[PDB]
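Below sits a lone chain in structure tokens, taken as the form deposited in one PDB entry.
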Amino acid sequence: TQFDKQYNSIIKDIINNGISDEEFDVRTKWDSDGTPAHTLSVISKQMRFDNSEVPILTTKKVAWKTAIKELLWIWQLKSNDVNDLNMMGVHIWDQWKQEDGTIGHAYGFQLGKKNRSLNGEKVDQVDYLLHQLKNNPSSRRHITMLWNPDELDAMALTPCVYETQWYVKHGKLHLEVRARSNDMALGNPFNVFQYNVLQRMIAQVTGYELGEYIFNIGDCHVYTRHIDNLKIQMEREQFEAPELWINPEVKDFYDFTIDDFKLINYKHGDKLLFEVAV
């Protein structure tokens, strides 16, 4: 399957055929020097996997544990409170916390709203999805959406991976996800691994085998100063994918904890430091 091979192909396309945003007055700067941080981009890319391997990069280490913590905060706890994430030892969302400690009506807040009728009760997007995957498998509407048009102005940030659609065919659960934009050096490897974990989780609790995993990206971009590191990274040895052990005893989506996941035999290349933009 291999994520290293697909990722390298998309990166080489951006480097070779990407379009620069030098024409625009960009709002991002390099923190080492205050100069404008420009990117090269391409539109509409897709990565697809058969699930014979965990989609994880071996040419650099992906921060797999943090990826799963963030997934749990959004999908399982359905929280918009950065303090819950701090308690899991995660600090990457601190910059976005509002005066009240939350990120607004974004991400987990959207997955927690009880806005769907089911069995005469009001349930959220997640519980609705869980029920429908088991009881109405052939549905052409198994979708979750974080891009709520009525609440965009109340979000501290708008989500990048904002939707999923699921399909059940012949006992297999297929997942397709979309990101409206992705920084290919820093965000993409993290997001691709993270949603595959979500697919393995839900398939386990709904009773299905793993189908295909498809990850779509609208604006694929890489910052110009990251290009040197990406070129090094593309010449590195690629290892065999590691195994992801997920505790077999978990039967309920809300019972999973960070200790129920383990990556076995994860070999990867040395650390590359990427200049910060923001």
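Positions refer to the first chain, counted from 1. Note that the rigid core is defined as the largest set of C-alphas that superpose within 1.5 Å between two forms. First, how it differs from the form deposited in another entry.
Once you line up the core between these two forms, the CA of 37 is the only one from 47, 40, 37, 241 that shifts by 2 Å or more.
Here residue 27 counts as shifted, since its C-alpha moves by at least 2 Å between these two forms after the core is aligned.
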Contents of the next structure:
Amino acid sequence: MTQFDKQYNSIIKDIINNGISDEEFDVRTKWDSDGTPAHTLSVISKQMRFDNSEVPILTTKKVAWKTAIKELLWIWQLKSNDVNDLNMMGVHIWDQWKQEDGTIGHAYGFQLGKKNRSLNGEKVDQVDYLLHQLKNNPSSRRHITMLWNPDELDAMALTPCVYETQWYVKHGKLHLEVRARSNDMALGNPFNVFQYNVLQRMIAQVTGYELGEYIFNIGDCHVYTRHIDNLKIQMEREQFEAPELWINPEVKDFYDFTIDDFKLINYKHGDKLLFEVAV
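Let's see the other form, the form deposited in another entry, since the form deposited in one PDB entry is already up.
No partner chains or extra molecules come along with it, only the chain itself.
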């Protein structure tokens, strides 16, 4: 029925039938409740492609799309590592890793906000630089954002899962390729695939380019053991036509966007599904 649902279900099926278990190893993740080792079944190097003729969102279950966009704005627009700023918006998906100072360390927003790029005699951050270059230097083969700063990896509460993106301007179309080193297919993935396609749509609007291709790459593609049952259910559910994403046409500046500027139209989906989070 939809591009995302079809690709998503297939990858999940693959992991459940040919995934490799890590039950014999001392994994880093522990279950939220009992605190016991959280293991997974996994595969490596998986890719999802979208032509952008549809909005990449799952319909086999209820996706907290509003929360996804809020997190995106927290990282890319606000460029803050303050879990508190996020709580303000009513999101607590990052509360579990909040540090003593209320932040998640020198990660995510902190990296995108660092003024380490020389533009015109002044320093700008990765986001400002990318916005300028996409307009004044489309053909560049260096349109990259990097959350994986090797120098501050030790100062991050949790190293980024979706740590990089590369943009291509070809034929007046803006293409986006993002990569996740580690992807929790049940929880994070649905959030990641959607929130980044939204970022593509935002950047495209403020730069004046048509929508290009959208590619999502995954390194370690896994599914935690306790999620199998619900996913098996989710996969058998029916799917509905993808919804339409309305973005305020008025906004011309990237930093002018607000959660209210996004509206999902006709988003039909299955019932919500609970998935325990491994910390």
